[PDB]
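Q: Okay, here's what each chain looks like letter by letter:
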Amino acid sequence: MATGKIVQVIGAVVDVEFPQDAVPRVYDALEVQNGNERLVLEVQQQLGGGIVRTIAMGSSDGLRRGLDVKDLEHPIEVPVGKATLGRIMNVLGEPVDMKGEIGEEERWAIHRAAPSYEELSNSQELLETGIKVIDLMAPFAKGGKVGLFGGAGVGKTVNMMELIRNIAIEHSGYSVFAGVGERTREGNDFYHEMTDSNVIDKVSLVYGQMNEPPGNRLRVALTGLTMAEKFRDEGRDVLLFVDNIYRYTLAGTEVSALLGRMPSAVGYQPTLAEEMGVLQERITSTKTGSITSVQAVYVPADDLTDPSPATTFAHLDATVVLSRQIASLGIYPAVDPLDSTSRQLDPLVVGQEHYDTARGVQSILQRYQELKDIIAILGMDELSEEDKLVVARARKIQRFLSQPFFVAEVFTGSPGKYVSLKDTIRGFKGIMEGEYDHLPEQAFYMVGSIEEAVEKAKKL
Amino acid sequence: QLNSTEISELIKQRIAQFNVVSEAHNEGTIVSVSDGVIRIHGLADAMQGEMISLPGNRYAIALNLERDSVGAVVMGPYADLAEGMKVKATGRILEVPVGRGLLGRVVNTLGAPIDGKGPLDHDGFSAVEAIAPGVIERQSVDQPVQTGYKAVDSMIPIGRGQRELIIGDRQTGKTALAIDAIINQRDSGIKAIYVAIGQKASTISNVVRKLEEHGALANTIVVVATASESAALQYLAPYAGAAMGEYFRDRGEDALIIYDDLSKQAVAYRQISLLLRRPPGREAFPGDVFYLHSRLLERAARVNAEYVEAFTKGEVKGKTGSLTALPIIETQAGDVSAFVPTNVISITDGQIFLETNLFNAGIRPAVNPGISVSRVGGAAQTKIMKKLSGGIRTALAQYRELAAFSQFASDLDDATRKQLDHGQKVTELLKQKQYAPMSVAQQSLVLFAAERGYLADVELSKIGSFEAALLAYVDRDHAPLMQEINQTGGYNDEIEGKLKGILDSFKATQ
Amino acid sequence: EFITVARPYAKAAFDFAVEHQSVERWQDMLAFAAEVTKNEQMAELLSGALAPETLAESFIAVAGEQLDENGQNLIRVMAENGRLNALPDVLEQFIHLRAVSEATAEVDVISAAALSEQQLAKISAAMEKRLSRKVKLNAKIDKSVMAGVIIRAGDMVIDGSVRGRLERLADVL
Amino acid sequence: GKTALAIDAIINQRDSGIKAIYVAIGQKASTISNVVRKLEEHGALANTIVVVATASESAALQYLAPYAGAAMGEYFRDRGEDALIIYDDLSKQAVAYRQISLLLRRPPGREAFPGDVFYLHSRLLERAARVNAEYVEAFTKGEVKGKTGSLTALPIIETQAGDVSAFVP
Ligand SMILES: Nc1ncnc2c1ncn2[C@@H]1O[C@H](COP(=O)(O)OP(=O)(O)OP(=O)(O)O)[C@@H](O)[C@H]1O
Ligand SMILES: Nc1ncnc2c1ncn2[C@@H]1O[C@H](COP(=O)(O)OP(=O)(O)OP(=O)(O)O)[C@@H](O)[C@H]1O
Ligand SMILES: Nc1ncnc2c1ncn2[C@@H]1O[C@H](COP(=O)(O)OP(=O)(O)O)[C@@H](O)[C@H]1O
Ligand SMILES: [Mg+2]
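From first to last, the protein sequence lines stand for chains F, C, W and A.
Each residue of the first sequence is one higher than the last, beginning at 0 in the entry's author numbering.
Each residue of the second sequence is one higher than the last, beginning at 2 in the entry's author numbering.
Each residue of the third sequence is one higher than the last, beginning at 2 in the entry's author numbering.
Each residue of the fourth sequence is one higher than the last, beginning at 174 in the entry's author numbering.
Chain F with its partners taken away, still in its complex shape:
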């Protein structure tokens, strides 16, 4: 039995009046008959006199005043578990693909509290990805947040698919993709490419397109986070992909502007920091399991002081930068080793050997970048015999970082390789310490581990 009635409709903001003893709480879900379809409304504010103010999760057109409203007493609930894998869903957990109903076993509310102080894991642990560049220069911690700063054409989506595959296969976890403000064409392309690469079954996709009202784009991240939290409770390790945190911030700004709250500096919502913390704090390592996040970041004006980047960076544990310049050399993955950083790269976290190897590699590459200016301006003759050695070693290092991905086999025509942390550490330590110096530089390109590099040199 419907108990409320609509009293105001102003764009996406819908006001509903309930009997004084039945006013729904905040964040609850309502539904109404918008012609021939059910329209879900999310409660935002409880006004005096039983009037509630809600944001419509859909097209608001065609709503009449006085329509009956059914008060679902639980918050927005979405299906979770193994059944979601390989399926495309909207913010409401309805299937967007034509592949029929989801065989749900549970439905979970999207709004839940963060793990308590006593539930957090009692250790810091690295999440070995199997990619040489990432595992060496920007190691992932379990439960850490990772930002992607690369542009377009730099192989971002192939890196995402490779990470999904490696976590699903080499580990025993699952992945979730949250399309916050996705472009529909790009979402279709991503779905088809994941189908071709045969990684679709391993990952669950929830899409909020740009054409949706602001509420859907704002809440769509929470649905993916809830499914990831479901996967974590089973004891696995989970990867959560957020396609643009910046669009999450903008959707929150739009919602707050619609509600008519007072704006904040540079026009953002006054609740910017808390809205960011609510999402980010649920991505942590619990005793049962951990959720790890890779989030694409956008800088509104290349201004790193803007409140959105300033808030985002406070939660990021590592930064991965993709550059088209390295892709011009044919090196893949096109990860910049000089700008990519991780605050796990510390002797007390990764150990002294890893720290020393990474610092050595970075210093060698910086020195090479310095000497390239000398080589260009004055020529190789100026270079001493010690600087020629560092130039050759830097070229060999810069080509060793290449790696063939299992999902990129259609491009290179070579089988993918998985490299453990110790293997790449030992290989780079060897290259720096002067063993393997006699090999041709092309023996390191796209080879894999060093034990495969020596084999490649034997026939190269």
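Simulated from the structure, these hints should not be mistaken for lab results.
Each hint should be verified, as a subset may be incorrect.
[Stated by the list, open to error] Result set (DSS-like, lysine-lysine): computed pairs, CA atoms no more than 25 Å apart in a straight line: (1) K419/C with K371/F; (2) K457/F with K428/F; (3) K201/A with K141/F; (4) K4/F with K89/C; (5) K384/C with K419/C; (6) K81/F with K98/F; (7) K416/F with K455/F; (8) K201/A with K286/F; (9) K428/F with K416/F; (10) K286/F with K175/A; (11) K98/F with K388/C; (12) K4/F with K81/F; (13) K426/C with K314/C; (14) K211/C with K118/C; (15) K13/C with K144/W; (16) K499/C with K387/C; (17) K155/F with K320/C; (18) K201/F with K4/F; (19) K387/C with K211/C; (20) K98/F with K320/C; (21) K98/F with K318/C; (22) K388/C with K501/C; (23) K211/A with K175/A; (24) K371/F with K387/F; (25) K211/A with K141/F.
[Said to hold, decoys possible] Listed next, the stretches of chain W that the computed footprint assigns to chain C, with coverage defined by at least 3 CB atoms under 8 Å from CB atoms of chain C: (26) 9-16; (27) 77-86; (28) 142-151.
The C-beta atom is built at its ideal place from N, Cα and C for all residues, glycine as well.
Since chain F is already given, all that's left is putting chains C, W and A with the ligands on it; use the hints.
A: For chains C, W and A with the ligands alone, kept in the frame of chain F given last:
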């Protein structure tokens, strides 16, 4: 404390009989008129976006449904309206005529013809507000749309169903590029729609005259909302054009729609929102300004054969459909960090930056490479053009850096000298006259000439005459090859050898 | 203050009472409605954010001396906008509009001592021609003025008090 | 290194007879847990009080934190012994007042902070002081004589792009 529609006679009516609901919900009365926005008392059954009929065969759109009154915007002249006029809520959402008959006609955003050429033959009506096809319905864009400009078609491919933002400062040629892209589709299967928002009527009349002069008007639908028309008409106008374009897309045909000055639509919507007292956001735009442009642009898409088959009830089976949108955004002072420009940049699939400095310089097309980009890229491009354009891309990339060395290039490596005199000649070649679109055969021919080093000995001052002479020569002596290239756009050794023969034979002349 | 918001309700009520020739009953009902508003528990009830209809139906319960068909309609109309506190001002504006309609004006007279009947008669006769309305004088003689008389009608004031002359003379300084 | 310079100080006071307090405002729960583990590792935890307001907790809570810590230190200060208190991200407090303030429709000043933002820190910081023996005797009601209490404070502020000229810094 202030009054909220508490006026003496309504209160007296409520005094007499409180249950005034006994009167039909279908009607109401105007209680306020100001700046084109009216407040209506009654209309208990009104709904968002509903058309409300006014005296004089005018209409208003119900946008604010408040607890005591309905706020509506007049879609026409409003100065003669007065409070106490009766209004009746027609139970219809805003709809416009659609069909093939609209082609060649000039209509306002309501679908009323304004060209003076009589009524419109039309295949029914479609709702102005609509929902874009879902993710599963879309299909990847891999088909070319030829603008007829060497620079655009070479470095910035446009695919059928792509959204390509034309952006630049005032008086940089955005309108010229849009209308020339309209002209080039005259002999292709693509049908064009030109939507004028906030333009002055003389400019639109001149544009229509130029369209009819080159013969493209018969393939174009013109939707006009002049600067003197009600803000609601200007704001709704792009959506009507999209609805007209969606007619072809769903039936399995290709359409190209151009929105002129989306910034003017945003200004009109801001005016409407502020007159309705909705909370302002950054730069006084309403909160959902991004939603406004996003839901409009997402309609431009390519749909798979199964969506077309389902929609047409199986009458069309093997055809996909597409709608290509070319929105126009005007940056005030080269600022792409403004609000509406940032939103439109984030929405679209690519950008064509027109620069005022280059326009002042000799390069009339003024397209700026290195900042313009198409995320669809080579998939939108024909095989021969895709093969050839990489040379241009890399040549300009190299030329950009050497421009600093141009001041004192007398003392340089001869390799650098060659790169510089090649970039300069390519940049000189890319310029093109207005209203003169080049077929794919001619663009491919001149690109082949530039890339294969045949311009190495030609002087920078004479590039244009060389191009014109080559085009006339190939049009005179080798028409079949141009026909085959225009028909297929294929590339192979049998074609490269023929082109080599063409260029060697031409180089003996002129 | 509720002065500005009370005006439409007072005007509507007065026009309705005129069309039904029941002004006196309306004035009594308005006075009663204004008295219940001043009740201490009713004041807290009115301050609370109850729903308009429940607050209205609770207000009608405390009134059994109202003409329900019209008084209940009035109260429900004011309740729907939360204007119930304006009733003491609606009453005053209703009285003012009634006095304007009956072309009758109250006048206050202040003097150092009680006036004779003949002086009162001349004052009333002069004021009736000044205003072109009937007048009703009241005398509120004052301890501070030592001579003269003050005549106040509406807000127009005529001063002949010696206190006024003393202050007006010192002003020439 | 701002947090590190501070926790090091707390560790140094392990044997100096000075009590320590660590107030975490708006910090990630994992970082707070890690800092607590490090404090316990070196044995300073038995001498410190840790007040926690995680990044996800309500803005209201993130204000009585840096004041509750001041009161806990004031206990030792008034008793006549020495304490050290290190508020973390006093900036993350100021962002929280702005939210409670803008939610209350209070007119913002420079940037978007309300004019009261100076009073907020001034009244929190001014409690850190060294008091003469007479005040200690008056407060203790004669129980403690001749000892001066103290409360040292190390507020932490975070600057964008090293801009020391911003409003809050
Ligand atoms: N390729 C070209 N060759 C020569 N002239 C050109 C070319 N392209 C544009 N022009 C000229 O540039 C001028 C501006 O063109 P257009 O009106 O299309 O600019 P715009 O950017 O749309 O301007 P506005 O913002 O004023 O509407 C016109 O005089 C037009 O003829
Ligand atoms: N004396 C030191 N020697 C070497 N490394 C140090 C030293 N002090 C701090 N660091 C390193 O500085 C890095 C950052 O330390 P810390 O987190 O305390 O900085 P912070 O400015 O407080 O960070 P945040 O701003 O995120 O709170 C860590 O790698 C830490 O080990
Ligand atoms: N291992 C690899 N080998 C060769 N090319 C690669 C590899 N990984 C990525 N790429 C390149 O990345 C490009 C596409 O990157 P992608 O992220 O899919 O595009 P976008 O950024 O536009 O979504 C391809 O052209 C491909 O050549
Ligand atoms: Mg123009």
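Q: Hint by hint, note whether the structure agrees.
A: Here is what the structure says about each hint:
no., hint, result
1, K419/C with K371/F, "23 Å, holds"
2, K457/F with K428/F, "21 Å, holds"
3, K201/A with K141/F, "15 Å, holds"
4, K4/F with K89/C, "24 Å, holds"
5, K384/C with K419/C, "28 Å, violated"
6, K81/F with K98/F, "16 Å, holds"
7, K416/F with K455/F, "14 Å, holds"
8, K201/A with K286/F, "17 Å, holds"
9, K428/F with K416/F, "20 Å, holds"
10, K286/F with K175/A, "29 Å, violated"
11, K98/F with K388/C, "39 Å, violated"
12, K4/F with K81/F, "38 Å, violated"
13, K426/C with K314/C, "55 Å, violated"
14, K211/C with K118/C, "18 Å, holds"
15, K13/C with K144/W, "47 Å, violated"
16, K499/C with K387/C, "19 Å, holds"
17, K155/F with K320/C, "33 Å, violated"
18, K201/F with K4/F, "44 Å, violated"
19, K387/C with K211/C, "32 Å, violated"
20, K98/F with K320/C, "23 Å, holds"
21, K98/F with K318/C, "22 Å, holds"
22, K388/C with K501/C, "16 Å, holds"
23, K211/A with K175/A, "16 Å, holds"
24, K371/F with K387/F, "11 Å, holds"
25, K211/A with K141/F, "19 Å, holds"
26, 9-16, "holds (count 6)"
27, 77-86, "holds (count 4)"
28, 142-151, "violated (count 0)"
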